[PDB]
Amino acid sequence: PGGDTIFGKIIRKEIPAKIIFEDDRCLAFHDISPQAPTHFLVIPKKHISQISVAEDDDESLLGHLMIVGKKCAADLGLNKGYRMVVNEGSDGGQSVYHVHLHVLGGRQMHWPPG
């Protein structure tokens, strides 16, 4: 349950993380390697390894990650905006094979997005 990645360990509370929000199906916490003054992740508790293998039934859950992300961003005072990112695979630069939504703010985000 939670999967065999470091994010699984975080979900199971086996290793520490700075948790922002939790409910019965997702978890939001600050990234250990922040790329902006505010940088956190929203992850599902269901182990979906990558967005490319998500099913149609996961539709509401994925949207839930975004809504939680939006709400956490507001709570963290990101009133000038932010960027949401999902990485897939090698080219996408996905670092952990557990689906995660990046939320970055507190500075001007630039273009291209990597």
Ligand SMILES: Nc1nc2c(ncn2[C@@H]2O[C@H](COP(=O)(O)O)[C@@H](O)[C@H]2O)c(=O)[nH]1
Second form
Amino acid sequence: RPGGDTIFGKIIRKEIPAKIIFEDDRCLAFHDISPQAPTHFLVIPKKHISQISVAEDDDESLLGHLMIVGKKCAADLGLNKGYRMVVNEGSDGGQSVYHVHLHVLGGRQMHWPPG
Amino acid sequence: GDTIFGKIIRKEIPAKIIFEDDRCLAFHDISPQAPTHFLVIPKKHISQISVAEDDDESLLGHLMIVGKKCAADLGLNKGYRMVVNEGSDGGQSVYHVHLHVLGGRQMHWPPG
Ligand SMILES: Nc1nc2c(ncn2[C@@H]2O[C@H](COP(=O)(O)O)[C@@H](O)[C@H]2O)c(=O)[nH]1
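Switch over from the form solved without guanosine-5'-monophosphate to the form deposited with guanosine-5'-monophosphate bound, please.
Below, the chain from earlier opens the complete complex, with every other chain and molecule after it.
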């Protein structure tokens, strides 16, 4: 099955439901099931990449596309005071789903340090 | 307008530079929030991610690829967190878009 069998691969194939914000041929944006801010969503590639540490050089455009889609979705969601984008890599990064994804959090003041 | 990151790019003030190419610069954060905390910034003066253009897509991804290579070179084999802040709610401290890379400790949840 294209995309693998992590939770995110199954969401991509519409096998498990999600609250989808935006979808194109390269990525999917959907709300996080455990939001850490009043608005908290994810932008993920449809191509399965386990983690940023194994991304290829030719994945540059795709990774940038996650950020462009993330900022567009944030504007569409009315996050006019700003937001924070986060990638969690590995154990120290707090990663729990090994399919690359960008968090976008807003709707409140975010604090420093970022965890 | 110009920012302190513009001065760093132009080598007018010092920073602990990790990596440079023709389109970005990576350097340690002067106020580190983790044992390793560095920034990857484009040389193009994009003020904030909310105004990035579609043509900037591969450049933004280049910041992340450079970030993950610098992280490996700095020994962050247990992982790290990448952060881009936008605006006042995002806590953006400098209006020149920059990717934070933090590691060398457990990063926590929520991410601020
Ligand atoms: N929408 C949705 N989000 C999920 C599901 N399972 C896990 N998540 C979210 O995916 C994120 C994984 O990010 P990580 O912890 O790997 O950085 C977490 O914020 C978690 O709440 C799910 O079934 N549906």
